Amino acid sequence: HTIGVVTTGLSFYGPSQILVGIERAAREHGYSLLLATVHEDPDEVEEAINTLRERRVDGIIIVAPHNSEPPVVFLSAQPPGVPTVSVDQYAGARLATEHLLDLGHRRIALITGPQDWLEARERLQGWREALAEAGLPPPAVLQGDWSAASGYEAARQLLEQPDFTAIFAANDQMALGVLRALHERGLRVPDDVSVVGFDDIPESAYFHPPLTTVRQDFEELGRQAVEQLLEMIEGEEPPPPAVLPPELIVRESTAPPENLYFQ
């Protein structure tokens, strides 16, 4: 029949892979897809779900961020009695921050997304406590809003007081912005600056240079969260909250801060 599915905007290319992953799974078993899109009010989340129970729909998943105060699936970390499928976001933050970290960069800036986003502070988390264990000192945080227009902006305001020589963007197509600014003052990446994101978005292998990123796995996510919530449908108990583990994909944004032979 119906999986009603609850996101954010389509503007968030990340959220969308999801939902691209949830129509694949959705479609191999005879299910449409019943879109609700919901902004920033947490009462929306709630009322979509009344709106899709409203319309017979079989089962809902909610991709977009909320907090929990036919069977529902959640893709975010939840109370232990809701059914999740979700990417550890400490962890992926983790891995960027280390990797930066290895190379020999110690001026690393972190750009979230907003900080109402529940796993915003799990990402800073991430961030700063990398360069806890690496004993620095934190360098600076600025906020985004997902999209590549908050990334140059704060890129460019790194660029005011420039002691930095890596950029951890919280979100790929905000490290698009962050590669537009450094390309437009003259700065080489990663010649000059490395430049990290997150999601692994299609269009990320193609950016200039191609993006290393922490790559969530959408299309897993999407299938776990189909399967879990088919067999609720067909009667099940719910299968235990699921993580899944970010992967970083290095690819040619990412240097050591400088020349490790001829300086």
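Numbering follows the first chain given and starts at 1. In this text, the rigid core denotes the largest set of C-alpha atoms whose superposition between the two forms falls within 1.5 Å. Compared with the form deposited in another entry:
Relative to the superposed core, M232 undergoes a Cα shift of 2 Å or more between these two forms. Superposition of the core reveals a Cα shift of less than 2 Å for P210 between these two forms.
With a cut-off of 2 Å and the rigid core superposed, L221 has a Cα displacement that falls short of the cut-off between these two forms.
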Second form
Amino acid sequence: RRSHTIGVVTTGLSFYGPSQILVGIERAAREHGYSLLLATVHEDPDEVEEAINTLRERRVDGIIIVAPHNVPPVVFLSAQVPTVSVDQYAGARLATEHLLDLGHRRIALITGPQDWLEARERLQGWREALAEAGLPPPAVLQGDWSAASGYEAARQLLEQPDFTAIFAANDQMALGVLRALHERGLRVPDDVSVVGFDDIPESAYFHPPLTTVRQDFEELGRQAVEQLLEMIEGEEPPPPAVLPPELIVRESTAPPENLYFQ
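Having seen the form deposited in one PDB entry, please provide the structure of the form deposited in another entry.
Next comes a single chain, given without company.
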């Protein structure tokens, strides 16, 4: 009547965030005696629904969704119903308020793909920080979490440069931004300040070490397992969890040149 297995539908496993979330889920599920059924969905319409009903056939005790989407109990790692997530909006606010506090006023944003709710939330936290400072929000370039998209977006921004700081919506894209800036001969942070998001292990060894917003991906996945176990069993009503984000100040930000003329 029970399988002692947990189904998980995740995407973007080539990146650090979803992998470490998957690491947190596997370790917590195993420490409570649960095997893990892993399903990956691609950029395909409603492929998660196909994967959920596949897990349902495997008599799973519960399901954790780590992907954009929307009975065996289900837990989502977004908003939507039980949810476990990091305050993305407040994190982008910290990143943008960091730059504003240094004197930057023309702060570009390279965002993720809009089908990810985190990308929209980080966009709005950036916009609201500039609006509170009385600044109109510039035109936003869109990436896809890849370093290539960051590098390509930064080259577009450099065609007619009107910024002193770039907020890349994650660290992967920030690496490409750093690349494009070095190519053009621009120093970081002296000519252009760069802030990322995620705090992936590589970011501390970028050139220069990148200021970023830390997400605890592992604990995110463990808390998701804790929420799902409480619903599988003699409970169900869970606390909607919000994990706090943390700004990791390193070496890629500095007051702009011509500080008092910004």
